[PDB]
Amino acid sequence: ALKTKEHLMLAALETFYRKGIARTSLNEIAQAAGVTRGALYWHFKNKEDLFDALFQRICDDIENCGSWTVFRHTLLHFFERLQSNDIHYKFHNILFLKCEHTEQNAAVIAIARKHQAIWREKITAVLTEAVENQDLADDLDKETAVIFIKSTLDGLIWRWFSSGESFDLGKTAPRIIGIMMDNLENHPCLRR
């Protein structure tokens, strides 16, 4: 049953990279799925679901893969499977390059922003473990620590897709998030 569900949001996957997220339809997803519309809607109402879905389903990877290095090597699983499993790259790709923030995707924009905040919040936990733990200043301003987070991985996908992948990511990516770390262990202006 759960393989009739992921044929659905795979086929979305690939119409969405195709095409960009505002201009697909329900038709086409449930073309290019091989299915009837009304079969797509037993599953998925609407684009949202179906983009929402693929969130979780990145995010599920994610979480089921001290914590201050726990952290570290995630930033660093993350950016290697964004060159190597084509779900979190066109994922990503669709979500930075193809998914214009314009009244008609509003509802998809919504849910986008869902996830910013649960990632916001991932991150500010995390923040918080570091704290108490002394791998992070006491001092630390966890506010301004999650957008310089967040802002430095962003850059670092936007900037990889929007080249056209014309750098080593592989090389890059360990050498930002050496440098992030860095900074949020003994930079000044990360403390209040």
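Residue numbers count along the first chain shown, from 1. If you superpose the two forms and keep the largest set of C-alpha atoms that fall within 1.5 Å, you have the rigid core. First, how it differs from the form deposited with the DNA bound.
- Among the residues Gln56, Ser163, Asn133, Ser151, the single one whose Cα moves by at least 2 Å between these two forms, once the core is superposed, is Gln56.
- In this overlay on the rigid core, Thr172 has a C-alpha that sits less than 2 Å away from its partner position between these two forms.
- Fitting the two forms on the rigid core leaves the C-alpha of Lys142 displaced by under 2 angstroms between these two forms.
- Put the two forms on the same core and the Cα of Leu40 is off by 2 Å or more between these two forms.
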Given for the second form:
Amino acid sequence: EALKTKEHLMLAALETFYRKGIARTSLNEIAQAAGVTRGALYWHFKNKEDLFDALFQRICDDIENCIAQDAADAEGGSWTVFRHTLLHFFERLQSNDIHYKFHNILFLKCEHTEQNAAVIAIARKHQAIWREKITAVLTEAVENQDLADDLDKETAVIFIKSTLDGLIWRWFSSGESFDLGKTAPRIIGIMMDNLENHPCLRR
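Coords for the form deposited with the DNA bound, given the form solved without the DNA:
Lone chain follows.
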């Protein structure tokens, strides 16, 4: 008991959200996904939004802690370390079951409408995490002459997450039709090479 039911209720909620979406997922389906009733759900959570928010926020913090861990230990500069940060992320996209469903639901299994304020609150918070990490490593790379001096970083930060979102979207939408273990390193390498070399990324 105690946190045991809370933990099992969260993952049963995450499992049901990934398989049958969020709109068609009743709170009773969440309850009997675990071994409890809605009386145990309403004690631990206010309503459906309060559960989705509590579930998806703790996951969103894990991904930025998994990033902060996998990135802080400076093993070879920062621009080359940022390379290892993105690939450990895509590696966790396949191994980490919780991190995998978090993105699959945010991209395919929920609707981004103002009426469901919980998902855009997570969508805006997911974007706010990446954009801050991207702008941080862009300056410390120019301050280290790893990239150019006149780098259009406003275009570059849009350029970075745009291509990484499309790989995430393409992999999920294709039903994992291709190998993310061999494609993501290729896509990341081509991306960072354009930041280093392509002229239309500057002013």
